[PDB]
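Colleague: Can you build the whole structure from these sequences, using the hints too?
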Amino acid sequence: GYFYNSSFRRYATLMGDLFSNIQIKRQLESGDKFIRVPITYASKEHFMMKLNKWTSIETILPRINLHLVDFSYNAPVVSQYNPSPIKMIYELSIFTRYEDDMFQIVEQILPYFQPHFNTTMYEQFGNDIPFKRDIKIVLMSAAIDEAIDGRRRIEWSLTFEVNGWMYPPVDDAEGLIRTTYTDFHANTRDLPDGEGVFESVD
Amino acid sequence: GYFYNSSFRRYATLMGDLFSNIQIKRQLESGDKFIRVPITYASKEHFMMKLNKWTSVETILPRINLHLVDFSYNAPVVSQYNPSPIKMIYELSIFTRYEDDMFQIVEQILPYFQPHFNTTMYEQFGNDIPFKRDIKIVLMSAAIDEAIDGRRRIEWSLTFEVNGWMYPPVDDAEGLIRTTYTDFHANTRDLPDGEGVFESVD
Amino acid sequence: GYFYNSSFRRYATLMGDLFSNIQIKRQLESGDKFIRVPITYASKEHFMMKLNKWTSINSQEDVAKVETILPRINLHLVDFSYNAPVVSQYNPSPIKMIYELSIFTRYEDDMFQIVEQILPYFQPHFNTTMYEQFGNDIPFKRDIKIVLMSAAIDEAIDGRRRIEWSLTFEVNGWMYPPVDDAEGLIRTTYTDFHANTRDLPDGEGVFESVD
Amino acid sequence: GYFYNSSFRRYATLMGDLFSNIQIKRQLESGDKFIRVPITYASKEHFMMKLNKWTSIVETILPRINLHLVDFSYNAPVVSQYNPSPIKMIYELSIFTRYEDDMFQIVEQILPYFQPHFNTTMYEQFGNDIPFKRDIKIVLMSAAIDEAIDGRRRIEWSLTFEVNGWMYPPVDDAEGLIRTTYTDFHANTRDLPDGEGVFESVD
Amino acid sequence: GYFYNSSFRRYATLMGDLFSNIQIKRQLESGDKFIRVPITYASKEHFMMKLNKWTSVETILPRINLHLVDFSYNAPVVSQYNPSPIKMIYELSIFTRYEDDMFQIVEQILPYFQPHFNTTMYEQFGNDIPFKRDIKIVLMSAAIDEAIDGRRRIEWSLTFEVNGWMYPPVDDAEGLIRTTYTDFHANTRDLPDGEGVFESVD
Amino acid sequence: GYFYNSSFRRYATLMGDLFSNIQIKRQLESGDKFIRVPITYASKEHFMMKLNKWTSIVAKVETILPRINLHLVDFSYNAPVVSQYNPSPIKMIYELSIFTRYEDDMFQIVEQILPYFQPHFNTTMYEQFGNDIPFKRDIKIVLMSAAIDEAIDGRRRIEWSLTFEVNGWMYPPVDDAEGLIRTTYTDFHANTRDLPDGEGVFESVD
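Going line by line, the protein sequences match chains A, B, C, D, E and F. Its first residue numbered 1, the first sequence is counted upward by one per residue in the numbering used here. Its first residue numbered 1, the second sequence is counted upward by one per residue in the numbering used here. Its first residue numbered 1, the third sequence is counted upward by one per residue in the numbering used here. Its first residue numbered 1, the fourth sequence is counted upward by one per residue in the numbering used here. Its first residue numbered 1, the fifth sequence is counted upward by one per residue in the numbering used here. Its first residue numbered 1, the sixth sequence is counted upward by one per residue in the numbering used here.
There may be inaccurate statements among the hints.
In the DSSO-like style, the derived pairs of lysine-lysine whose C-alpha atoms are separated by at most 30 Å in a straight line are [as the list claims (entries may be wrong)]:
#1 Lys53(D) with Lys53(F)
#2 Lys33(D) with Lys53(D)
#3 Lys44(C) with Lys50(D)
#4 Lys50(F) with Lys50(E)
#5 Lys25(F) with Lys88(D)
#6 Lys53(D) with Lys53(C)
#7 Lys60(F) with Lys91(F)
#8 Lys50(C) with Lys65(C)
These aren't lab readings, by the way, just hints derived from the structure by calculation.
Modeller: If you want it as structure tokens, here you go:
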């Protein structure tokens, strides 16, 4: 029930999945439980709305919300592999009850972007030789903010530039596109379906 | 009931028609239904007004609204073919219920502008040898925004610079102007009447 | 009842008159109706005030009498300065005046026609040679560059309602201290958009009274 | 009851007096009427306040000019006074008018003399010593055009001028009053009047 | 009950502790008493909130509030010692009843930053040879403001750039990290626990 | 009951004292009365608050003005083994703010300030600790900008603000107990005056 081979979708998923498996420690009398930070893809406004809904009277925070915010042509015979160098901007937004949690989270993200982070993405159509796509992801800025009622809620937003590739729709009917990529430790993971990565904000 | 030979009109139609035939897939139980995105030419404010009227109905979105937003002299014996190098700015505005639809639409637009897209337009007066006009259309910027009540509505706006040609009114009575152009796949289509391309916002 | 020999006035009139004779076609059952776009000289705010007054429907007598108001053009001076390239007046002082030409229209079509009659002559400038003669002396030759600086596009709504485009022009002209009307009226000619030597009319000839 | 020898005051008066004697023609049945535009020195806000006071129900009030100092600074090109300090003062000359016509007349009398500057040689003499010669460049910096409405109503143009002048510490009135002359717009040596001579009282 | 080995935490504590031991003289009939200015780590807004709560007495001011406000990659095989050059921004905010107190406080801070101040930080993991980390702290700006009801309250804020090092979380369980550093007089003090430095704003 | 040897304080006093002795003439029937313009050190907002308090009427509204209010508004390191004489080149910003009932008064006041700053004004400050050889400190004070504004109810009140950059020296607190610091400086006519206590220069805004 969606354009599976969407280039855009593939990038939202790739970025979501790099940040899909981040945990935070939380010492317990019985022992150290680690919780995975759930990640959503939604406009930030929408997310904050729903977050204030969910918030009205600690299992909800911490959480990450990713979203595309801008794109453009990437100024360095026909069009698609050879494809078009595009540049997408993402806003990764971390929400947290405690400064501690925030520190853990970012300390897991930040050190890999110097200021960039490379990943090699292999995307294969049906059964042809896969295409090799070189993806530079650059950490552009950080933005720090609070929100109060009484503790209440800490928000940090990282802005990332993904330097990727775009090309006209290749129908799902004409075969689904298999995708792999190198994670933060250069480990070739395979890009999961969208439903695998993002929690439903709905 | 309008200046048919209007230069401006010819450009609004040219741009409208490049984006006139865009569809989105929509998986059914019975099977994949494809729908053509209808396109209008109207001031953005006017269009949003009428859209909120119509909205008060998933047959309405997705839709595209095109409109001229600026122009100027294009700084690289009389005046008209040899004509005057003019530069027109258009705001192409896509409105959508689902992120998916949006992704499909843009993925059909974006990859052809690197950052420009050339088209050769042939305009012929009555029966003389047609004039050859070289038209550079440049994708300048993108702008992303939402709107909510409850889902509700996604808006992306591309801004395009059309580098075209202007010249004083050549009366309809003195013969109508036949127009052709190369589409996104360098296919010589012939520019339809205005009524053919744009749905009436009225 | 006004300083006829006003340099400023001469420029307002020159600009008014370049844009004085613009028409739009208007297809009928009977046949094509051509209408001249009336032009006024007034501050833009004042003009819009009066336009909202005129456009308002107070009697049925109005209703009909209202698409007779648009289209129309409103010209006005908005800025000036010294034009950085023994006494003072012919030889005169190089001045630079800025004018805002403002087109108001019910239909996009009308607008397209109007501008397509203005725009193509400014690349980005348009030259005119103005001859101004005092009494009966040999006339002065004044070289006038008019440059189209910018365009600005905007709408206004109630229900259709009203389209506004504003061109901004730089007139590169000449200034000099008041030469009294009593000392002889100044005859003025100029080359129009097709290099045709028309003679600059009185002010009352060019602009409709906004009053 | 004021520091007569004030340098500042001397400049406010010089500028006021350059624009002190401007008239406008006004055609009548009987015949042409000339009227001198009255000029005041006051903060613009104050002047507009008092102007709306005077305006409340009016044609003997406009046209009029209001001059005022708006800024100054050191003028980057053994002790301190003649030889004095090169200062730069900014003045806002503000013309208010009922009719566009009046405005046109007024400015057409001001504007053509500033290309973009206008020089004046000011002679200031202390008691009876040899007078000091001071070279004064006045530059027309900008113009600003605006309206105001109720019904016609009122047109406002403001010229901004840079006066390049000279400053030095207070020379007491008691130690002798300072005689001042200057070249007007036609290089005519007029003598700078008292302040009360130039400006109409806004009070 | 917190990530002890947090890099971020280590820097908040280092900065807190440089400014932890500032006093002001206050001449008495019985003789000069010196009071240590208490220091907190909290968002400035939060701190001002709580400060107005506490204020509604002269035992509360003077006080300093420190907080992180921004960070970024510091543009001069894996990642962590060798670590990533990061740059953190801190807002040190002094609140005072009397101009005098303020003068004393800043005169103790300001002269050491010309415009920078170096410190050598030794961080040792368990028992390995310690790591040597060179830390440049730069005084970026100062900001002066008042607040009134009647005297009432003086606020000055110094903005500091800490040029430090970042690396992915090293678990507390894998051994706590011993930290020392050179203070303002090049004296090797050892970085205390967080609870030692900052007064609880809670 | 303060840090007497405060570097900051020393500069606030130096600046206050350069502008401490400014008068205006005021012609009378008997004869010309001169009045010294009182000077305060306080945040501008605070000063205007208190000034509106004092100004709330009848006929003790003219003994209040004219007056000057000085205040520090910014500082920074002055980019041209330990730290203190040799000290650290600092740069302080001061806002000198003149309030006046009559344009005349204002003219007199500024005409006494303005001509000495071209655009700077140098002063040599000698600061001596106890009885050692005094330190020589070269102080450039630069007039940065002027700002002109009014305020009305009916006349009412004229405000001009000069912004000055003092290029001075900073160093860590030298305790009052370890000996008070004697300070002299060259005034506007290069006359070596000695910097008074703070209480001598500024009227209490309190």
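Colleague: Now, for every hint given, state plainly whether the structure supports it.
Modeller: Verification of the hints:
Of the pairs offered as hints, the one joining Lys53(D) and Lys53(F) holds, with about 28 Å between alpha carbons and a cut-off of 30 Å not exceeded. For the proposed pair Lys33(D) and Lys53(D), the alpha carbon gap of about 27 Å is at most 30 Å, so the pair holds. Only pairs whose Cα atoms come within 30 Å are accepted, and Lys44(C) paired with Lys50(D) is accepted, the gap being roughly 27 Å. Proposed proximity of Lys50(F) and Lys50(E) is supported: the alpha carbons are some 28 Å apart, at most 30 Å.
The straight-line distance between the Cα atoms of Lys25(F) and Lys88(D) is roughly 25 Å, inside the 30 Å bound, and the hint therefore holds. Distance check on the hinted pair: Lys53(D) and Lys53(C) sit about 28 Å apart at the alpha-carbon level, within 30 Å; holds. Under the criterion of a C-alpha separation no larger than 30 Å, the hint pairing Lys60(F) with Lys91(F) is inconsistent with the structure, at around 39 Å. A hinted pair counts as satisfied when its Cα atoms are at most 30 Å apart, and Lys50(C) with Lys65(C) qualifies at roughly 15 Å.
Checked against the numbered hints given earlier, this structure breaks only hint 7.
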